[PDB]
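To begin, one chain is listed below as structure tokens, in the form deposited in one PDB entry.
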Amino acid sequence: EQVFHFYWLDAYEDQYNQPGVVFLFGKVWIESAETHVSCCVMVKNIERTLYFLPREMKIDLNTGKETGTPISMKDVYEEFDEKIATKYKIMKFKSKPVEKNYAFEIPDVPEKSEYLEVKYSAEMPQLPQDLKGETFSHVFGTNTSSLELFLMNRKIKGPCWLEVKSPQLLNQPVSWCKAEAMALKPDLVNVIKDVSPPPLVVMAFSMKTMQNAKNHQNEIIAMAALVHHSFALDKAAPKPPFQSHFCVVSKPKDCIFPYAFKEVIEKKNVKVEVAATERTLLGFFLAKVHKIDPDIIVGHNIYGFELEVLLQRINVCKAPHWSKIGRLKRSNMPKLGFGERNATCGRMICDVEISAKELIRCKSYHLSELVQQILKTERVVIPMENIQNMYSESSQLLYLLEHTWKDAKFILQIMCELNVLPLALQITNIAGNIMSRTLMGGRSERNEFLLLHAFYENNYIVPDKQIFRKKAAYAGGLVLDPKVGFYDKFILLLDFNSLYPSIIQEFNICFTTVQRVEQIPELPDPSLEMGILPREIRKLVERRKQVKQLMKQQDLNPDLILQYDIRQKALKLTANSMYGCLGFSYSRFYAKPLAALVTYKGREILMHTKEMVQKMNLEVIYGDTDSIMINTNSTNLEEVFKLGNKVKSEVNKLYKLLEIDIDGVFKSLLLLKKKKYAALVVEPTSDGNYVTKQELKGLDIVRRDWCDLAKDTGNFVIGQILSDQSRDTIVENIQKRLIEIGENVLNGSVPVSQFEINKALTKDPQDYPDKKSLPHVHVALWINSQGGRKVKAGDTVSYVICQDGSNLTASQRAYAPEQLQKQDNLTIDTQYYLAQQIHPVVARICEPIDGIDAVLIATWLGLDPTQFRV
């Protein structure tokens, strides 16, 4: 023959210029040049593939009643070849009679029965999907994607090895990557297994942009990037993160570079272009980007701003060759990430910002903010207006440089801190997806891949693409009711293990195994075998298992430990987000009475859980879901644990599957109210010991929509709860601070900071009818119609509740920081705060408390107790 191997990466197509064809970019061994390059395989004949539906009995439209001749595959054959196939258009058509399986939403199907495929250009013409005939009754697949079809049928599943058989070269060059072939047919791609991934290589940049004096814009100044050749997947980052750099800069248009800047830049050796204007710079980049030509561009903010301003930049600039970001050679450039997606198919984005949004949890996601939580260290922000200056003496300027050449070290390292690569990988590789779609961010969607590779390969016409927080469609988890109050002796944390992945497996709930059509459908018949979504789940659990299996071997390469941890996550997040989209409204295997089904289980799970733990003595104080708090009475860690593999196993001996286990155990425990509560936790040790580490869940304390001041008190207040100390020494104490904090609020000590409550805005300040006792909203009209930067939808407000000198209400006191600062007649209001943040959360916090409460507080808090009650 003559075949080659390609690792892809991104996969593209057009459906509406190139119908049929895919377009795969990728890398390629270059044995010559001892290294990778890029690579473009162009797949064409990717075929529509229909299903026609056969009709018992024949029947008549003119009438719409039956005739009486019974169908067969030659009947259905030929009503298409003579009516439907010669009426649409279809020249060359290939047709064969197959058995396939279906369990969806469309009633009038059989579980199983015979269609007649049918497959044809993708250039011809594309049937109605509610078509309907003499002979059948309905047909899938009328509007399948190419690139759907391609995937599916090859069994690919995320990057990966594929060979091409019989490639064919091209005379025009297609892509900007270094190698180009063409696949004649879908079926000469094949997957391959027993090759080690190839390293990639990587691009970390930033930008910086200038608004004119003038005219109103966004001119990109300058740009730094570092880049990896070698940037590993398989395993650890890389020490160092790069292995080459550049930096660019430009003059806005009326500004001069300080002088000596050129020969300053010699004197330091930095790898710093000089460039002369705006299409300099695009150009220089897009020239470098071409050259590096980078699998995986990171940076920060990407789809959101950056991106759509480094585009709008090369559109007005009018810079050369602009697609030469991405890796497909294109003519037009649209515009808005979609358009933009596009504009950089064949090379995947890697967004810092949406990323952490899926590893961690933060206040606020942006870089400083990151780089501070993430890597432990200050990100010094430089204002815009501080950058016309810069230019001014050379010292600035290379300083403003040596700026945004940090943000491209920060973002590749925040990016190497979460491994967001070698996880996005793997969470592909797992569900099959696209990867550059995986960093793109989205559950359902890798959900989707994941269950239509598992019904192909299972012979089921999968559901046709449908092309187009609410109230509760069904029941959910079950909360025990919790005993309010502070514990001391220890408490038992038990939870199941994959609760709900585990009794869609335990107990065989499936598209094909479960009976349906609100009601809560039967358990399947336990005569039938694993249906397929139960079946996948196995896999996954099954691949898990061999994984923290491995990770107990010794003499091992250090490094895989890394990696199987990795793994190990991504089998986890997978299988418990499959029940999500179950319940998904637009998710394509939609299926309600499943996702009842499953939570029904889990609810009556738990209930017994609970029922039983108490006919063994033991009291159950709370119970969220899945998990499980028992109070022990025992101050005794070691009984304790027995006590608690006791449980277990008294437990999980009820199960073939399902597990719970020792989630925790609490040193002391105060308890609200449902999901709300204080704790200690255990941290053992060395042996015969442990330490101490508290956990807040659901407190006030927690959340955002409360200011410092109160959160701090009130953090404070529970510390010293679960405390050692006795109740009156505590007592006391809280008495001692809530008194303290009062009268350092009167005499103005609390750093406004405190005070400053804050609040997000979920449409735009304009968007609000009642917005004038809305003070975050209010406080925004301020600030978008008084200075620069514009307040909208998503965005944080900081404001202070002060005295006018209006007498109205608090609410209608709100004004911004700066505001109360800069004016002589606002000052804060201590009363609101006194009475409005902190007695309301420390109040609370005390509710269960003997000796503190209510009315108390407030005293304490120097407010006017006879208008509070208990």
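Take the two forms, superpose them, and find the largest set of C-alpha atoms that agree within 1.5 Å; that set is the rigid core. Positions refer to the first chain, counted from 1. What changes on going to the form deposited in another entry:
- After superposition on the rigid core, the C-alpha displacement between the two forms reaches 2 Å or more for just one residue among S244, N459, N744, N636, namely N744.
- When the rigid core is held fixed, the Cα atom of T625 travels less than 2 angstroms between the two forms.
- The Cα shift for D829 between the two forms, taken after rigid core superposition, is 2 angstroms or larger.
- Taking 2 Å as the criterion, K157 does not count as shifted between the two forms: its C-alpha moves by less than this amount when the rigid core is aligned.
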Contents of the next structure:
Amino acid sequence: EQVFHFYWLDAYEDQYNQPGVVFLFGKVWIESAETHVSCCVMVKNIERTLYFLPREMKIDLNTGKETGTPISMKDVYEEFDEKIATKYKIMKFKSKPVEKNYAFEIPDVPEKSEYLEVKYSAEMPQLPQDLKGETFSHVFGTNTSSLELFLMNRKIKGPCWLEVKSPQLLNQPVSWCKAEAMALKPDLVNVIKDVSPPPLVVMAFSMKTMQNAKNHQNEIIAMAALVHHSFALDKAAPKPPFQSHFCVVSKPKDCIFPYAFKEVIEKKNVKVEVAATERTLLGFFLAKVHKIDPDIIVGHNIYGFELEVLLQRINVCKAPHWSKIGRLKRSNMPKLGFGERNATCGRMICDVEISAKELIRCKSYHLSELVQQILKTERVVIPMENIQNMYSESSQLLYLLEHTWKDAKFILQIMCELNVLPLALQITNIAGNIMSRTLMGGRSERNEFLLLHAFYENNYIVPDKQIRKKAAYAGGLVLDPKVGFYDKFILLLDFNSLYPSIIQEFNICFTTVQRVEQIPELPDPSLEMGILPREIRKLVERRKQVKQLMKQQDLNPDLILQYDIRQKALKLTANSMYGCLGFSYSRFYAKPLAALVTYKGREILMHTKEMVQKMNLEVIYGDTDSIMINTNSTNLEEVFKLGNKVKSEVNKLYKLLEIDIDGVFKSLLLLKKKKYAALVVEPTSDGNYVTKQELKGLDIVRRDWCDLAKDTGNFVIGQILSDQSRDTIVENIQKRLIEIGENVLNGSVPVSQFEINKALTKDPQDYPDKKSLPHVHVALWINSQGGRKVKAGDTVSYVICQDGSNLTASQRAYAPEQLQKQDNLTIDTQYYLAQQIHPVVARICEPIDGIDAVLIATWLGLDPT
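Return one more block: the form deposited in another entry, after the form deposited in one PDB entry shown previously.
Only a single chain is listed, so you will not see partners or other molecules.
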């Protein structure tokens, strides 16, 4: 024979132009060059695979009545061969009788049955999905794609080594890869698992734009990029994260670079290529991308902005070889991230803004906010305006260029900090999907793939692909809180992986629960564990192991944050598995199952409450799978004893389900359902402990309340949960607010603490009631005013100003720069004292005796009415 090893990373198909063909992209070892290079494997002749379901008794399609003659596979085969194939234009085909299982939403389909599996070129016509005949009642697979077929049949679950037997050469090169090969049939490709993974080539880049003097155009004038040629995803990120880099700068048109600039660059020795025109800069960039040939391009706000600006300028400046940004040689450039995901076809795009949204929470996910929170450093901002002025002098252009470089380095460090790539790989190996898609975010598709693999593996027919809202079933139970402040220790118990455990504990699966608004019946405790509980069980074990590691002997603060991020990521994947059950658009939609799971949950929470009560214990709160108990005790060791005592009494009633001590609070301020604050006990040595404050649902934690309101609100909480007597406190509070009020008026407050943030659900142009929505208004401005443009999903920052236009506060919203820049605009102190600070402090103090709404208004010097 003849065979070659190849490590795949990305896949792609163009069902319209090249049906039955799937392009794979990855790495191949070149011994002579002692290094891995990019490789493109084109897999052809992936055949459509259909399953025909035979009728019990034959039927006449002209009369619509039975005939008395039973059916046999030969009956079906012949019909397909004589009537179906011929009628639909299917020249050749192969077929065979197989036994498959079913357990999905199509009625009239038996659990197990014999089917006639048919296969034929994806180049020949597609049969209708609702096709039926004399010998067969239904046909599955009619529309399966080549890629899904390929990934499933060869059992490819994420990046891995493949062996390609009998590789062919290609008349002409189809990609921008070093190597290429072609397989004539998918069974030539095979997964092997005894060869370690190769390191990847990572490239992190950043760019700068500038609005042109006359014409309205966002011209790219600077790009920076860092590169690492041996970045391994099965170990710590390299230190440093890059080995090389490059910068490139160009002049808008009319401008001229400061002179000596050339020499200034030679002087300080900076790997900075200075382009004459934007077209040259774009040409230079693509050239570096092609030469560096990165397997992963990483940046910030790639999908939402950068990628689109880049492709358009590339089209405008008629730059050479746009497809080099991807790995597939193309001709026509698609636009709008679909047209985008295809543009970079073959290279995985990793957007830290997207990855961050998925892994951690922030008030905004803009780069500055991110560098601050994750890297713990400040990031200078260079406003589009200040840019022009920088071309006048050498040092300034040189500074801007260095600034672009720093963003690329930040983006790269943030990526390594959250540990995005290794996590993305791990998840992709678990779901069996495509890693570039995992990096785009979303839980649904990963779930779908995880299940598809599981069912193919178990010999099941799987549903065909088909082609915030209001709840559609009962959710979790939230107990009514006994609101107030608490001195004595509070006991918080929470079930471990509740829903996933409920699914296993009762063996809930598409294969064990009868269904068709009604809650189905728990299946016979006799039946065997279904596919769903098995897969779910696996995700829960992975998580436990990662939690086990965390428990470990003295670890790095940074490494411990990663384990925690990973652990929650696995938690999310398990819950999304439950969720997709109730996801109308899901391919494995089965509302009844979702409904039956949440049902048992509320039932279990009820019984857990009632039980804790029979033990003569005080239950002050509860949320879906938790119980809060007021021990009324001051003896910690005794509390813990009571805790493990109640734990034991609960776990005793279930096979898998396990409740545990989630925490113990020294003091607790319980305001409303899903809203409380607390000092959390953290034991040390000799029954001694440290305490840490924790917030849940308060306004202080939300993004849509200025920091001025939030910082003050946190002060109040700090005091409330304190040791000090109620008196000392109420005084300190009053003392503080009165001061806050004075400062807000004497203009001592930093303009930033006045910013309010809100994310847009839709693009600013899609809102009808516009004008009265401060965030929508300020976005419309930013948009129609300069470069970058705010779209759905972005958070908008704004402040309320004094226009001198007697409009409502909601209609006097401005950008922070629009304020600091303009003179007729000034901060509406009235608004902030009464609609921001007052509401927050009022809601917090609501249960505190001594404080009250009217009183809080007088401290801030407002008129109590």
